[PDB]
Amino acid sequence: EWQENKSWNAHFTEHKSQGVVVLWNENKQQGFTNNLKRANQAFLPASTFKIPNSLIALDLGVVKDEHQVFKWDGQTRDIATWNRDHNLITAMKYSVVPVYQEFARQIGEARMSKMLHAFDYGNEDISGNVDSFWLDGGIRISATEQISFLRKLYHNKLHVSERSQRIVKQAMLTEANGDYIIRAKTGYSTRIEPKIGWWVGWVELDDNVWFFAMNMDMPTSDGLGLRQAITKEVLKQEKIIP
């Protein structure tokens, strides 16, 4: 069950933003959102797709491990951090699209589609073709669907090996300290309206895990840090993090 807490809207309002945050309390098997409607609206996953894309690439052997280097092709792209060599960890961290497009090509459309279906991932539509569908094709996923997917990953219940899932959860590591561990993935969908930012993942506490998936309208790149800030503004309000 899901509970709407419209008070979280203040965190969007304060930052002159519109969006949804969805939380799931694993112990209590309860979910919370500021906007049930938008929680169930599907959007392009953009770089959040790196999570399933990694799982599949690892499981098929397209990526041997998290150390394998994927050389910069020497083509300066807009994003400075992309113009360097990468492995899975840093490719995830810096959302290095070109690396994952190459994975997607090597995976191919048949295996990609089968695996997404096996994952129950979003609308499971990769039209098309292989190497951009999460950016400007047909694949869409809602925040509540992201939670469902993430929960399976956390529990190693996705239809790939345990190793693949552990490696991807490693690669998702975003922040940790004595109070919490956040494993998550950002996304930024720009190719198709509405432009949105994502942050999906979970917060590991000593005794519980809180899954989250947020997206928000992102008319310009200026607002990208709000993905995390608003999520954390909500996590703080809910005493999940200090």
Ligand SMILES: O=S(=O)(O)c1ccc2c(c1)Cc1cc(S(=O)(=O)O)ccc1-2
The other form holds:
Number of protein chains: 2
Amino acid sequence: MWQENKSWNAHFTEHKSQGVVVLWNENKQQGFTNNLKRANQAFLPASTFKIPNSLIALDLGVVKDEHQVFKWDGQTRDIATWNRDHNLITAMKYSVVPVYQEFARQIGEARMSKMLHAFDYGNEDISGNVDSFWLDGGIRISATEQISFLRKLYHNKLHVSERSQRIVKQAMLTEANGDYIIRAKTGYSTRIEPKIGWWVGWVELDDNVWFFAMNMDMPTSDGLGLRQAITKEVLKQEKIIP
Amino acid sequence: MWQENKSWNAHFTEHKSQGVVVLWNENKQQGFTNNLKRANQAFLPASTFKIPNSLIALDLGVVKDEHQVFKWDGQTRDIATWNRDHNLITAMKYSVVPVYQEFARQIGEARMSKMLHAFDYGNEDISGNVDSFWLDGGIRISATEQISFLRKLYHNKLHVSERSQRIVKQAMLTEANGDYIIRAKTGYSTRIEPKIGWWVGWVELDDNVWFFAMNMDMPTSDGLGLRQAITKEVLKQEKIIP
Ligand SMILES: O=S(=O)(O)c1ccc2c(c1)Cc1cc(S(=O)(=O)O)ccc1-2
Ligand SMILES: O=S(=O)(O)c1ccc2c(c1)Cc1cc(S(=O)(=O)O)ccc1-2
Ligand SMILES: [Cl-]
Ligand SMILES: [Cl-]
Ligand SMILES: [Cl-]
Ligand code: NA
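Output the form solved in complex with the ligand next; the form deposited without the ligand has already been displayed.
All chains and molecules follow, beginning with the one already shown.
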């Protein structure tokens, strides 16, 4: 049910980087990865936590819907896309950290904790600040655990309303053409070593869906584009996308 | 306001064709079109009717969700992609008429009539066969009446459940980008003259959404690609998309 395929290491070697790509064929119920040990290694989720965060905030009424505007607080920060107004969809696309830090503060630690235990999310530990634990706190999740989380989301089986799950899957939209749809979330763990980049989500085809979760060492922000590029190369190699 | 911009007719005559593009700017509550009379002329919706027909089917339980499979009945039809199993997503993408004819027969004339009345859809007239009235019966809808119908859909304001409207808006997904999202439905009125091609939906930007409804004369299926091509050129002229 899980098969190791180190063909894909060649895609990490070229860009002088290392990491893990994990695919899951949903129809056949079979998993593939270049490195099953790192596949089960738990790191900080970083901005991939915006997926469970969105669900909790929506199911609790902190966020009314995907159209609610969240005004910029006036403190100009070092990423240009952060210094403007945002809704749920744009706050996710640009990983607007302070928007989600406000969601977290209003969710509170007690309710945040019960929801992560309900979601089966990683080690389910929110040690640290409630508004930064996914960046520098105790939470840990492996790539396989990301897949398990994403499958429950895809099947509307997480312990939230169907409406919350449909909104977040709508917000996860990244790319779509006549061949496929990609719903995913990027992540850049920047505050605690090892600095790693994430990309987790799934590829919707006509007659299948392929879940993926990847992470890789990211010692510099100049390598962030590799997260999508390397994962697409693996998808191309396994004829999943043209 | 409404404003007529005949500049766009260049795009129609460069391909020896004739049609109307209707644009609605949601944030500014202002509309635009190259031909105001044709914008309010009502044609057969053809397969753009798959939008209301999906909503009704989902809301009534004829279709339980978007994963439910409608298996091929074995009759080999002229369009290759019709001769296979489908779900709601792929049936909509490939305008699989026989799957939607089955929905119409299970909905029946009475409930279908009542729903279009509540939807305020076009002339609300299902005269003709219960499973082909949108292709050769008495139903008619204008391009602006399409905008008005899509606007309620986008805002979850139709009489059907929020769940129905969110599922259909998912199935409408056509193209998604770092710059925009397009939810739309294609149509081709082939049975009653004049043969026309449709494209209706909207373009989601970061802070705005542009609704559009277009139709054009279509004597032959060879020119169906001009629907999207001409609409995108208009979107490029108005600097909505890059
Ligand atoms: O590539 S993305 O995953 O979209 C991405 C790109 C940049 C940053 C983040 C995510 C999260 C983050 C946190 C911080 S901070 O903790 O220093 O405040 C600084 C930059 C970024
Ligand atoms: O470009 S699309 O809007 O996706 C499109 C393209 C072809 C056809 C349809 C839609 C609806 C349709 C009906 C018929 S029939 O009435 O003769 O059975 C034949 C062909 C087509
Ligand atoms: Cl889904
Ligand atoms: Cl979507
Ligand atoms: Cl459902
Ligand atoms: Na059609």
